[PDB]
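Taking the form deposited without the ligand, here's one chain by itself in structure tokens.
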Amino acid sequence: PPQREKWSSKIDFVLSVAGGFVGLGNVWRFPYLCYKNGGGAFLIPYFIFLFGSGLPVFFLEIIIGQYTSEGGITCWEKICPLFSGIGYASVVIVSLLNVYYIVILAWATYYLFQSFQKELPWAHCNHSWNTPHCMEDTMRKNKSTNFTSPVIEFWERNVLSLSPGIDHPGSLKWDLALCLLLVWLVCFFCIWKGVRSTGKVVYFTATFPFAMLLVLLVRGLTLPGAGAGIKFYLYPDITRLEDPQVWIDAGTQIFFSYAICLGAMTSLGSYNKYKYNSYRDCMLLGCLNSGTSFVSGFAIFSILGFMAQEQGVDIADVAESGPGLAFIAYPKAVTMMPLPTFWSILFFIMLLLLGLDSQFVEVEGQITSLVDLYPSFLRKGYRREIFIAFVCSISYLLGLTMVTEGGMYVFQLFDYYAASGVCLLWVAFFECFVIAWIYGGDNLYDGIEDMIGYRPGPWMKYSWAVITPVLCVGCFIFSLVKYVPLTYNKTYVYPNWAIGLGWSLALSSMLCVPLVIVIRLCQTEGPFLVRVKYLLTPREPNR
């Protein structure tokens, strides 16, 4: 391990970060979490968390990676050897996230392959998967039995084929399994070979999604009924703020969308030069991420308002209110533009491009963090390609559980418990507490001043010292005191063993800190206080 290879230029670092932390979490997860919580009231805790913990923790991870010049699992050895379980917890969280983050891309691939016909299959109600209820959206207001929309019927009876419950796995769907295999093969081939920053390819891969988003926003804003959707999206409801669910959802959506507590930002920052101003760039990238999410919300809620006006029902009873809101709302939008197939193909290509870069960055970060533990064995003595192939195969086999007829429930369980929620709060709280109260805020500020050239303000120091731990602990305690079980589409109730499995998924990463603390204490010689003093001393964080 001579030295980590630095970036060729700052543009490479900026492009890598932008492609890694802007993606499906901005256009797929934000809208449905906002819709589930009623909209409007979701934006107050969202912005509170964004300006209290979101940017400061992201900058802290980047600056720690740059300072220590080490990955996301070994940097904590040079800051606080006792609290070295944070890296292991992050690697567990990223391993669990990589398994279920790709089923969305499998669904997108299915939709893209299905959009190559003369007429879109989700536009009408005369097919083998339709039910006697299916009625055209144009005729819903004209007449009147619980009618169903062709888009929802398609999504629920052709792509998913939903089962009565999680205890009814049904049979494996081979068409979705083939799409999952295809996307996993593409991901594996784009990592073993190592996709380079081709000037033309990236120039297009990083500009097409924003153009498509602008086109969708312009189309949505001119539909009849967009004003009601915008008012539903913007105006808040103070009564909803008395529940911990909205607070925890909005708080952890920021953590999910900024890719923190994952070990990926530390790895990305480890390739920076020592004398590099990585503060302004981080602020601008956070601005870009938040703006992208906020802009996409306008378009999706305008489409929802138009659909609600057309069908003649409320805006809260038009879509899934779960991980299918985008797949219900955006195809309905593209069915109204001229040449619907062209725009459908373009939209799904944009979705795939947004997802694939994030998946690439996360898997690369996980691999490079797990390799640094044994840099001798897994570099020459054993093949790195074989290790990558084994990881991909195991992840695909594990993700096969969400492809069966009853896999939506497993996907929802994974989304709620793994790589989101209490585990993210736990990791963020421990990172901030360690840095602020064991290493030293001013001690880190000296290194930041040495690296970037100027001393920052007290905002980051205060956020690390007080604001973030208080928010995390308060949200955790508020959620625990008033407990409400998880549901799917506000109607399905999970069995007890499913909740136990979800809590085990959450605890698999949360249990890594005390175990590592105990093992480190047991591996040291001498009196207890001497051992504690020896393991709280930073082992020369390279300055």
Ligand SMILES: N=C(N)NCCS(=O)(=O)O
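Take the two forms, superpose them, and find the largest set of C-alpha atoms that agree within 1.5 Å; that set is the rigid core. Positions refer to the first chain, counted from 1. Shifts are known only where both forms have a C-alpha. Compared with the form deposited with the ligand bound:
Checking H124, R280, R196, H168 for C-alpha shifts of 2 Å or more between these two forms, after the rigid core is superposed, gives a single hit: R196. Fitting the two forms on the rigid core leaves the C-alpha of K380 displaced by at least 2 angstroms between these two forms. Superposition of the core reveals a Cα shift of 2 Å or more for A18 between these two forms.
Relative to the superposed core, shifted segments between these two forms, defined as three or more consecutive residues with every Cα moved by 2 Å or more, span 11 to 22, 196 to 199, 374 to 382.
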Contents of the next structure:
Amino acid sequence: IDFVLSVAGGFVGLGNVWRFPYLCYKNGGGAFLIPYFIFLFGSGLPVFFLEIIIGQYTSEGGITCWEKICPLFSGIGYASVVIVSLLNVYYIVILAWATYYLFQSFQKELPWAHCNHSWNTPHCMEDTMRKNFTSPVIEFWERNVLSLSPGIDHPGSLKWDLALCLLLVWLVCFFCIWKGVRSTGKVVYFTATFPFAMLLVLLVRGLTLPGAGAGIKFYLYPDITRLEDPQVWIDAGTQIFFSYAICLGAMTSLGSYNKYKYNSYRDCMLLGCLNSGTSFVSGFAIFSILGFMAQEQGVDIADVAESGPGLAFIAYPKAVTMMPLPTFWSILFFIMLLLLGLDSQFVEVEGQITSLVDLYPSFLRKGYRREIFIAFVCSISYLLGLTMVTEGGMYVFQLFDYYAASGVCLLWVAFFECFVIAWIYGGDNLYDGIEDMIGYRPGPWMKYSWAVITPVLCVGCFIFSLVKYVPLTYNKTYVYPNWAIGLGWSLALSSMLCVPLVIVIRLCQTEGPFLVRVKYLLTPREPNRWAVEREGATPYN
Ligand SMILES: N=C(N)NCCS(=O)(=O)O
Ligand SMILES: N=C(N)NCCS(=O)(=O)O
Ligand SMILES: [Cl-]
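I have the form deposited without the ligand already, so could you send the form deposited with the ligand bound?
And the full complex, kicking off with our chain again.
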């Protein structure tokens, strides 16, 4: 009765509603979809299935699973932990923004509708009378919500309204992890069907707006010359990794909770197509609104909103103003955004705690209270997130969004996950394990993706991005300083360096000749030991 689908109905998140439309709009629109679908069926679903299978087979979390499959490349798991840490720093900042918008909805007139407010510049023209001039919806996002600075080197002053909204979300996250609400009960029906109900209303509203056809044509019809830019492939390929929450140890930890004899192949395909289908369908909502905005303002569709983060805060808030009782719909939309983000944030932050606690089960569990450790992790993450709340903190958010938990850092982890399984552990060796679990031998799709398709895409994007290097920009105009780019690369290299560092550490610890050390550290350590004894299973090899 699709019980697993309802339980796993939380596949839709902020990556499908917020990040996907902004990445697609930034990369020209239709040209973004081709790499998106190439990575979807070549390295998006296969890596998701690989992580789920590793979790279900080894019956271990993010790090111990690699400790069992291949000790030498154990650092992969460590890298994932680092990645998730950075994610928890910035992924919650969006929620703060949403919370701010929520507190701005509790009034008779939505503030992003007219140009008679204090923060509005003299260049504010209402879109109705539009046909220099700036839209009131954009100015509220910039002049009021963000209070944007000239650059990242100008941090300005901390925003005391967003700081209190950021703390409010962290208190909710801390309380929902300290007590572990886990959203268990009959609220699962509401928290899984309400986002689709609101996205349907936005979709119907967006489609019926005058000029939506121009926006959809921009969204669908591709620009072939745009594909020659390497950044399109990195943005689209990593977006699959972002929405699928892979290369983080979350799916491997999730996979470990599945029974050994359980057909998780059908679930990964079902959830993968539903998660990516949600992003594609939600794209018709955003871009139909953008087509309407371009139509009335007399501007090009690519120059009517922010290319960076916040497209969902300029397009969706405007669509609300056209619905009857805009106050009612504005509240519901940002309640949906809060529900989608909080559900994802609870899983990742609590997953981060589990990985760190399991690393030191004698100290963080008995000697030092795990309850205090949850407060310590949240407190440190909150302080680091205050760098994205200052007036110049929007530029810091883009650096974290572009480099941390995205870009080459995920391609680095994805490549080594597939390389170890396909070329060291063995695709046929895993297929024998998968055959026992799911009950049948899968097709050659997974085997060829782990061995050829994924490594080629991951290493191909990395090489071509370096050969044709375009520095990160914000909203197509702002040019980051050299230190900001260097700071951004340090965020990516913080986790990328974990894979080779552990290899060096493992070799030093082991004794004997160098060749003996490598061969010893490549041998799996009983990958399915628990399976044969706790349940019914065939021992590996
Ligand atoms: N677990 C899923 N499907 N996604 C996680 C990332 S996001 O969709 O919440 O951004
Ligand atoms: N924010 C969530 N839930 N997932 C992000 C996945 S990743 O981009 O860090 O791989
Ligand atoms: Cl997506």
